[PDB]
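Can you make the complete structure from the sequences, with help from the hints?
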Amino acid sequence: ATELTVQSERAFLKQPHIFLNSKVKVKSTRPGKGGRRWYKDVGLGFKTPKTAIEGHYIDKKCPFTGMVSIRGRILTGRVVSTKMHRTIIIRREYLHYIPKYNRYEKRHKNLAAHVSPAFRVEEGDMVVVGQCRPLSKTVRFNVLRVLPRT
Amino acid sequence: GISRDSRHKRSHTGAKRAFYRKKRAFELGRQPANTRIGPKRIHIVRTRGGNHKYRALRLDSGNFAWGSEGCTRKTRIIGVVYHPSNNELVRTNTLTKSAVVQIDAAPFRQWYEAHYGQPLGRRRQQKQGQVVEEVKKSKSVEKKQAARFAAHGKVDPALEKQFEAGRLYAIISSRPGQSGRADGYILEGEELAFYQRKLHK
Amino acid sequence: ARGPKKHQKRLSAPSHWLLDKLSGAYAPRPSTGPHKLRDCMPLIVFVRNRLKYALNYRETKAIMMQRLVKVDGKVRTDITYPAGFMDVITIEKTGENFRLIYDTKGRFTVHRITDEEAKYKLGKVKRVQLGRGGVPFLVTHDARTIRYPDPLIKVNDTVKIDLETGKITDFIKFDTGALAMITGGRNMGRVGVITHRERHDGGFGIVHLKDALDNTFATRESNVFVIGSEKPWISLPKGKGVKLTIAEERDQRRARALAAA
RNA sequence: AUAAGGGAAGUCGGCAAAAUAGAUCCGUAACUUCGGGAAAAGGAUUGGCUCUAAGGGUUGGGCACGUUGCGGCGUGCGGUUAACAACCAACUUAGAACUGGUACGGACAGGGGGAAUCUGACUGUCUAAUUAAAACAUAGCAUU
RNA sequence: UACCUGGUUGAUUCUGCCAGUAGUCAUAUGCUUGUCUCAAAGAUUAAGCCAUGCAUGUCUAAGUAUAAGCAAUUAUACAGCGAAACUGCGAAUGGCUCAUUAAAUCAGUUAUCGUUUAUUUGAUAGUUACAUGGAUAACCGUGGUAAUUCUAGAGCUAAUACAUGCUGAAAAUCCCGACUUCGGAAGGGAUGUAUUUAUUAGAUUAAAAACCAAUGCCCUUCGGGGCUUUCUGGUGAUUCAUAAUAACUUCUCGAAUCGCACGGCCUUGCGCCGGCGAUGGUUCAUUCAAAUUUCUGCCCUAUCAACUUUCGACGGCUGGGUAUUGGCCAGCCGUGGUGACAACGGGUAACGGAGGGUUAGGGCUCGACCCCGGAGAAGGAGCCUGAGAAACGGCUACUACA
RNA sequence: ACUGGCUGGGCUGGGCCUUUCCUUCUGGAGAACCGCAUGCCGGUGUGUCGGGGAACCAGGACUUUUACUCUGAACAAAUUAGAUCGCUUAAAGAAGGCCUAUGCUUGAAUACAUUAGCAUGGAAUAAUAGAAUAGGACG
RNA sequence: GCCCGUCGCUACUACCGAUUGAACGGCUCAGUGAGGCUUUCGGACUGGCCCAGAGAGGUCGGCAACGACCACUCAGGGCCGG
Ligand SMILES: [Mg+2]
Ligand SMILES: [Mg+2]
Ligand SMILES: [Mg+2]
Ligand SMILES: [Mg+2]
Ligand SMILES: [Mg+2]
Ligand SMILES: [Mg+2]
Ligand SMILES: [Mg+2]
Ligand SMILES: [Mg+2]
Ligand SMILES: [Mg+2]
Ligand SMILES: [Mg+2]
Ligand SMILES: [Mg+2]
Ligand SMILES: [Mg+2]
Ligand SMILES: [Mg+2]
Ligand SMILES: [Mg+2]
Ligand SMILES: [Mg+2]
Ligand SMILES: [Mg+2]
Ligand SMILES: [Mg+2]
Ligand SMILES: [Mg+2]
Ligand SMILES: [Mg+2]
Ligand SMILES: [Mg+2]
Ligand SMILES: [Mg+2]
Ligand SMILES: [Mg+2]
Ligand SMILES: [Mg+2]
Ligand SMILES: [Mg+2]
Ligand SMILES: [Mg+2]
Ligand SMILES: [Mg+2]
Ligand SMILES: [Mg+2]
Ligand SMILES: [Mg+2]
Ligand SMILES: [Mg+2]
Ligand SMILES: [Mg+2]
Ligand SMILES: [Mg+2]
Ligand SMILES: [Mg+2]
Ligand SMILES: [Mg+2]
Ligand SMILES: [Mg+2]
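Protein chains in written order, with full-length UniProt numbering: chain A, 2 to 151; chain B, 2 to 202; chain C, 2 to 262.
Derived by calculation from the structure, the hints in this document are not laboratory data.
One or more hints might be untrue.
Think about it this way: if two alpha-carbon atoms lie no more than 27 Å apart in a straight line, the pair counts; the simulated DSSO-like pairs of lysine-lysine are [claimed, not checked]:
(1) A/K138 - B/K145
(2) A/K26 - B/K17
(3) C/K122 - C/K232
(4) A/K61 - A/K15
(5) A/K138 - B/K98
(6) C/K239 - C/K211
(7) C/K155 - A/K41
Below is the structure:
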C-alpha cells in the first residue's frame with residue numbers, strides 16, 4: 002500500500018508489549034525479543050510477504066504483525082470494490098441445481114474482507130481469504146495472497 | 002434495561018427487521034462509572050457466574066513503573082493533561098485507559114539516589130537552600146555504584162528537566178472501571194517527544 | 002431453554018442401548034461422569050436389561066445401595082453411572098469380572114474375563130503438557146490424569162494402567178503396523194492393522210487400515226484406538242470383529258444349526 | 001386601557017377589538033397551464049457566564065567563480081523541505097459545562113388560518129368634494 | 001393395473017369444456033348396528049372469559065433438640081424414635097398452545113487461538129489452639145384489625161447461620177551492609193496462592209579459521225602445548241503451557257465441622273502416636289451444557305424499481321460497557337453499503353423440520369398435533385435471589401376486565 | 001461338490017521397446033543378484049561380510065485453474081423398502097429356542113436419502129491460463 | 001327460415017357520486033409522564049473502643065515493699081464504624 006506517514010493520528014500507534022527504549026543495546030535474531038518489529042507466520046503454506054518484514058505500518062488486524070489468528074474456511078474470489086479504506090468487497094459466483102428441470106442457473110453472493118497494507122489490490126483480481134474472528138459488523142475474512150495477473 | 006444485542010439494528014441491505022423476542026437476561030449492559038481524582042471510593046458488583054467486578058468512583062494513587070531500570074513504586078497522581086478520545090474528559094479531569102497524567106517523582110528520585118551515589122536534576126544549587134551531607138558508611142559502595150554508572154549509562158537530557166520540577170508524564174494502562182486500579186508507566190524517548198510536541202502548540 | 006435438561010424421552014435414546022419402543026415413555030437419562038453421553042453404558046441398563054439379574058427399577062436401585070457392584074476397583078452407588086470403553090466391572094459375590102467392548106455389530110456385549118487379567122486397563126492419551134509448578138502430566142480418554150510420565154510419550158498413543166496404583170508400566174506407540182480397534186463412526190467393532198496414514202494440514206486426517214482377511218477400510222484418527230502391535234494385549238471377544246457379510250453369515254448360521262442338530 | 005365564568009347566545013352582517021408575528025432546525029395535502037399552490041397546514045429551540053474547534057495574510061530556502069565597498073550584482077549548475085519557522089489581522093458558524101422564582105425576538109419592531117360557491121384571466125386606470133366595482137384598458141382572435 | 005365413457009349435428013370428423021369414476025392417518029352429517037386385537041379426541045370460529053378441587057417439596061449411623069413428646073432404665077454432658085423451627089438443596093426440569101415471525105426461525109455442515117459453566121469424576125496448595133465473639137428461630141406469656149400464608153412490642157437458648165483468629169521444616173533466590181589486607185564477608189529484610197501492571201527466558205536442525213579486549217584451569221623441564229563442555233515442552237499457526245524480577249490490593253483461599261471402630265508405645269502423664277467415612281475447599285482436566293458464529297437452501301405478488309444514512313446507514317481510530325468478540329455504546333475522521341442473477345415494500349385463512357396423502361417414470365398437495373429446535377402465559381415495560389430467569393402455579397407499575 | 005486341462009474362445013487388468021515410461025532430495029529397516037570360509041544330503045543356515053538397495057515407510061520442495069463422474073469418510077430415533085421368529089392366523093411385536101435339567105445358546109440385520117461441505121482415482125466432453133516491443137526457458 | 005337495435009314493465013349484480021360521510025385496526029411527529037436500576041447528600045436507629053477522672057464499694061496474695069481484678073450511679077470528652 003501507499004502511506005505517506007505512519008504517525009498521523011490523535012493517539013500514538015505502537016505494537017503492544019514490545020519494549021522500544023532500552024539503555025543497553027543487544028542484537029538478537031529473534032523478531033520480537035530484541036525490541037524490533039514483531040511478526041509471525043499464519044501457516045497453511047502461506048508465505049510472509051517481503052514488504053511486511055521491513056515495513057513501518059502499524060495494524061492490529063493484519064494476520065502479520067497483528068493480534069488476529071486465522072482458523073476456519075479458506076475461500077477465493079474476484080474483487081469488485083476496493084475504493085474505501087482498508088477493506089474490500091469480493092464477488093463469488095456459483096451454480097444452483099433445480100431438480101425438477103434437470104439444469105442449473107447462476108447465482109452470486111457478496112463478501113466483505115479486511116485487506117492489509119502489505120498487499121496492493123486493484124479491481125478485477127483473484128484473492129484468497131481466510132476466516133477470522135468478528136472484526137466489524139460485516140467483516141469476518143482476511144486476504145492472504147493475490148494471484149498474478151493474466 | 003440497557004441491551005447490547007444487534008436485533009434492534011438495521012441489516013446491511015438497509016432492511017428493517019421485525020420483533021422476535023423480549024429482552025434476555027444475558028446481553029445486558031450497565032451504567033458507566035466515571036472515575037475522578039479524589040479520596041478513595043470503590044463499590045463491588047456481582048457479575049455473571051457469581052464472580053465480582055470493582056467499580057472505582059474516586060482514586061488518588063496507583064502503581065507506575067519506570068522502564069529501563071525496572072523499578073515500580075507507589076505514588077499519587079496529580080492530574081490528567083491529555084486524552085486521545087475526548088477533551089471534555091480532560092477538562093472534567095476524569096481518568097480512564099490511555100490517559101496522560103502527571104505524577105510525583107519523589108520516590109523515584111530517592112531510589113535513584115540510593116542505587117547510584119550521584120544527584121539527578123538539581124538546579125537548586127543557585128539557592129543552596131537544602132544543601133546537606135551525611136557521611137556514607139563504606140568504601141566498597143563507591144566501586145559497586147561507580148561500576149553501575151559506568152556500565153548502565155546516563156539519563157537522557159530531557160528527563161532531568163522533568164525531575165527538577167518534580168512532575169512526570171505517565172499513561173494509565175489499566176481499566177479503572179473494571180479492575181479498580183490505576184496503573185501505568187513513566188513514558189520517555191521518542192514517544193515522549195511526541196507528547197511534548199503535541200501538548201503545547 | 003432457561004437452563005440444563007434433566008429428562009430424556011424414549012425413542013431418542015442411543016440405538017445401541019436396545020430399548021423397546023413400548024412399555025413406558027422415558028429412559029434412564031445417564032448422569033454426568035467420565036464418559037461421553039452419546040456413547041456410554043448406564044449401570045442400570047447393563048445390570049437389568051442384559052444380565053437380567055434385577056427384574057425392575059425398584060430393586061435395581063437397591064443393588065447399588067448394598068455396594069455389591071464396583072467399577073475399576075471402586076464402588077459406585079448411583080444407578081445412572083456412565084460406564085464406557087475398556088472399563089472393568091467386578092461382582093465379587095457371584096465371582097466374575099466384565100469388560101465393556103463393542104461387538105462386530107456396534108453394541109455392547111457381555112464378555113467374561115479372568116481375575117488375574119481383570120486387574121488392569123489401557124487407554125488412549127488425549128493431551129500431555131506441564132502443569133502448575135512445572136510438573137508434567139497427561140490425561141487419557143477416561144479422565145485419568147497422571148503426573149511425571151515418560152517424556153517420550155506423546156499424544157494419540159495408548160498407555161497401560163495398573164488400576165491399583167495408577168503407575169505407567171507400559172505404552173504403545175502410534176505408527177504403522179500396529180493393531181487397532183475402531184471406536185466411532187459407522188465402522189463399529191472392526192479390528193485392523195495400520196497400513197499407512199495420510200495427513201491433511203488444517204485438521205481432520207484419515208487413516209487407512211487392513212483387516213486380516215485382506216479387507217480395506219478407512220476412518221478418522223479420533224476413532225482409532227490402538228490395543229497392540231502384535232498379539233493384542235487384551236482378549237478379544239468371539240468373532241474378533243471381522244464383519245462377515247450377510248451371505249456367509251446366513252451360511253454359517255445354517256451350518257452351525259445343522260452341526261449342532 | 002383592564003376585567004371572574006361562558007365564548008358570537010349581540011347584530012342586516014364577527015362592524016370594532018383581541019389572538020398569530022423575528023431568526024435556526026424538522027414537516028408540508030387536494031389541484032395544476034408543471035412555472036406554482038407554500039411563509040400551506042403543523043411542531044421544537046432562543047438569557048447570563050467560563051471554555052473548546054474550524055474558516056486567512058506576509059517573509060525566508062543548494063553549491064562554483066568575477067566587478068562594485070559581510071553585502072546588491074553578473075552569471076553557470078542542482079533539489080521540491082514525506083511542508084517547516086517567525087510575525088500580523090477582523091468577523092462568521094458549530095459544540096460542551098455550570099447558573100436562575102422555567103425566565104430569555106423580555107421594550108420597540110412584527111402574517112390569523114382552513115373547506116367551498118358567484119364573478120373578472122393577470123399587473124394597470126376613472127366619477128378632485130357621497131359610488132374603486134363585476135365598470136374601462138390590455139395581450140389574443142375575427143371582419144371591412 | 002402406464003385403462004376411460006355420456007353431451008353441440010339431418011348425419012360425419014375435430015378443437016374444446018360440462019358430467020360420470022377411484023383414493024384420503026380428511027372433517028361434518030343421515031339411516032343402521034352382534035363379537036375379537038389396538039385406541040385418536042375444544043387445533044380450525046374466540047392467544048375469548050372462568051366458579052370449584054388438585055397440579056412441588058425434601059432426613060441419614062454422620063449440620064442445630066432441655067418438645068412441661070413417646071419409650072425404656074448402661075451411660076449425671078448427651079446417647080433410641082422423634083412434633084415444631086433454623087440451616088442446605090430443588091422449585092429455571094416437566095406439561096400446554098401456535099398469537100407474532102419471509103434470510104427471521106429452521107436444516108445439513110464449520111469455528112470458539114473470541115466466552116460462562118451448579119453438579120459428577122480425577123489430580124492438586126508447609127506464611128487462648130486442649131478450641132475465639134455477639135445476635136436470632138423454635139418456646140413462655142400479653143395485644144391490635146369485619147377481612148389474608150398480615151404482624152407489633154416484652155423475656156430465653158444453638159450452628160456446617162454471621163463475624164474474628166495460631167511460620168510447626170530446611171534448602172535456594174534477590175536487595176541493604178557493621179566491619180579490611182581490597183581480592184570477600186559479619187547480619188538484616190523479603191520470598192505460598194488470588195488480584196493488577198511493567199520487564200526477561202521460552203533455543204537450532206550444514207562448517208573451517210584468524211585478531212582485539214582478559215581470566216576457571218590441568219600438566220609442567222617454567223621455555224609453555226593448551227582449554228573438549230550443562231538443560232529447554234506443544235500446535236498447520238500466536239504474545240501458547242509454564243518459569244523468573246520490581247511492586248500493588250477497603251481483596252480471596254490455605255478446615256475452630258460431623259459419624260463409626262477401642263488399638264499401639266514408657267520417661268505412667270487424666271502423656272504421645274494411629275484407621276475408615278461424611279460435609280467443605282484454591283487451580284487444572286472432564287461431563288451436562290449455554291451464548292455467539294462460517295457456507296448453501298424457503299410460498300404468491302411489478303397495479304411494489306430503486307432502497308438505506310432526523311436521532312449509525314458502510315468503514316477507520318481511542319475508550320466505555322459485557323462472561324468475551326462486534327457500530328453494542330461515547331467522541332474524532334472518511335463517504336460509503338444492496339439491486340433486473342429481482343433489492344425494498346405488500347399478502348399469507350405462514351411456527352420450521354423429521355414426515356402424511358396420491359403414483360410407470362417425472363410430479364401435485366398437506367404438515368396446529370406423541371420426535372428435534374424456537375417463541376408465549378390478558379396486553380407492554382422493569383427487577384431481586386441464584387451457577388443458571390428478563391421466570392409469571394416470583395415481585396413492581398400502567399391499560400382492559402374482575 | 002468337482003480336477004487338470006484344451007497350443008480353445010472371449011472379457012478385465014498390470015509391466016517393457018516404439019522420438020513417449022512416470023518429479024525430486026534426506027533418513028529408516030531390508031529383499032533380489034554376487035562371491036569369502038566354516039557344516040550336510042548342487043542347493044542352504046550361513047554373518048559380528050560388503051558390492052547392493054525391487055518394493056515399503058516418515059519428512060521437505062516442485063504440480064494451470066473450474067465444472068463433471070467413481071470410490072471413501074462423517075451424518076437420528078421414528079418412518080419407507082427389507083431379513084429372521086406360527087403373538088392360535090392377521091394389523092402388530094422384537095422376541096425366543098434346546099434334553100428334563102438346580103443349565104446352555106442366538107438375534108434384535110441391511111440398502112436408499114442428496115442439496116451444501118471434506119478426501120481419493122479417472123482425464124472424454126464444456127470453459128480458463130501461457131513465449132510477439134521477448135519483460136521467454138536452460139547452465 | 002334464421003335473426004339485429006332503441007323504447008316500456010318486473011327481478012338481480014357491480015360502477016361513478018355532493019356529504020371536508022361513518023366505524024375498526026397497524027405504524028409514527030410532538031407534549032405530559034407511573035415504576036425501577038445506577039448515582040449525590042442525608043443519619044431514625046444501632047455497635048465498638050480509648051483516655052482523664054468525679055463518687056462509693058468489694059476481691060486474692062503481700063507484716064510490709066507492692067501488684068493484679070470485679071459490681072453500682074452520675075458521667076467528661078471524645079472518635080471510629082454499620
Ligand atoms: Mg421446557
Ligand atoms: Mg484445529
Ligand atoms: Mg372575560
Ligand atoms: Mg378570564
Ligand atoms: Mg373556546
Ligand atoms: Mg336576536
Ligand atoms: Mg345570531
Ligand atoms: Mg375589522
Ligand atoms: Mg407555519
Ligand atoms: Mg390554499
Ligand atoms: Mg442555553
Ligand atoms: Mg415565538
Ligand atoms: Mg381585474
Ligand atoms: Mg367621489
Ligand atoms: Mg370612495
Ligand atoms: Mg371589459
Ligand atoms: Mg338432437
Ligand atoms: Mg383455539
Ligand atoms: Mg385466554
Ligand atoms: Mg438418632
Ligand atoms: Mg394459525
Ligand atoms: Mg471435586
Ligand atoms: Mg458459612
Ligand atoms: Mg474496540
Ligand atoms: Mg454499485
Ligand atoms: Mg399465524
Ligand atoms: Mg409441526
Ligand atoms: Mg419465557
Ligand atoms: Mg414476564
Ligand atoms: Mg396458572
Ligand atoms: Mg411453569
Ligand atoms: Mg410385520
Ligand atoms: Mg415520545
Ligand atoms: Mg421518575
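Right, here's what the structure says about each hint:
1. A/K138 - B/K145: Violated. A/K138 to B/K145 sits at ~59 Å, over the 27 Å cutoff.
2. A/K26 - B/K17: violated (59 Å)
3. C/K122 - C/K232: This hinted pair holds, its Cα atoms lying about 16 Å apart.
4. A/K61 - A/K15: Holds, at roughly 10 Å.
5. A/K138 - B/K98: holds (24 Å)
6. C/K239 - C/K211: holds (20 Å)
7. C/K155 - A/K41: Between C/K155 and A/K41 the Cα gap is close to 26 Å, so the pair holds against 27 Å.
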